[PDB]
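Below you will find one chain, with nothing else, as structure tokens; this is the form deposited without this ligand, and questions on how it binds or moves follow later.
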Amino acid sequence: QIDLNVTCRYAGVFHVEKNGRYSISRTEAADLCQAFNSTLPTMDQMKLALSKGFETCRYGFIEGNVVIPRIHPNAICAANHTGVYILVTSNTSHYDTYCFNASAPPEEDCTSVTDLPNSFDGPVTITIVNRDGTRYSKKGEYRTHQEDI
């Protein structure tokens, strides 16, 4: 069983946390976004999402970097930084991910996610968990890299 906690989308960008812990590799992140018919955001896409109201308190992949978007300074989120905070030094490789859905609304979309449209056949139950607790479950797989399996 896999839980995927997702957020609001902001200019198409959203955050995905797997199994309540930093547990996604960069290869898995691309596959996971592909399951949402999405891609890893570019830094420009992320900056526009930030400008629409997106912030999290979790490291996640974008294309090329691991970041935390921050609007409001918080001492426990990205060392009190604002803007798209870029992780510079870390020993480790597993984070959450951001994803970008080009078909989402242009600004804040805080409706819930009710599908995992591009998952593959598989036996494991994947549950999308919204911030409001609503859930969408479907049996499937999204990982293509043997290293992640």
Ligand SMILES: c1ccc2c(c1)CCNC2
The other form holds:
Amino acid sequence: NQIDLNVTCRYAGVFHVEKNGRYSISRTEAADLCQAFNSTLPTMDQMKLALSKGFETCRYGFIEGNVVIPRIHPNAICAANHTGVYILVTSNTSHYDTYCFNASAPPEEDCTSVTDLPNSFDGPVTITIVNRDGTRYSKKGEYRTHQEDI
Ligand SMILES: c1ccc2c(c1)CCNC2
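Since the one above is the form deposited without this ligand, can you give the form deposited with this ligand bound too?
Once more the chain from above appears, this time first in line as the rest of the complex follows.
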């Protein structure tokens, strides 16, 4: 009964979360997951400001209303060489990573570790925050509120 949450640096409060290192989060689970980080799904404008501060990934994830990849450098294997906030237009499938936005984060790049899931609720799951530098924080809890997701 375990879930790993890989988190990135924050850029203007926006960060990327990958559940168990694979595309596996539904749009409902994504909102719950951000809620557990005292965060919301980013708006498009919040994501564009994050991009301008240095945020990019090579992973599709939910924002409010769309599924996107922020890209600074053109890479052929990431969003087909696009730069900017790339918007996924056509897909058969429903599960991706998520982006989250925390308003209480620093205004620019914050590459300090994340060391809590402040708004998770009581539950049976061992939830582990994994930072890119390997540091980890675990707690027992839950964050999924939709039965379809559990
Ligand atoms: C924290 C821990 C692992 C990973 C990330 C962040 C991002 C890319 N996928 C691996």
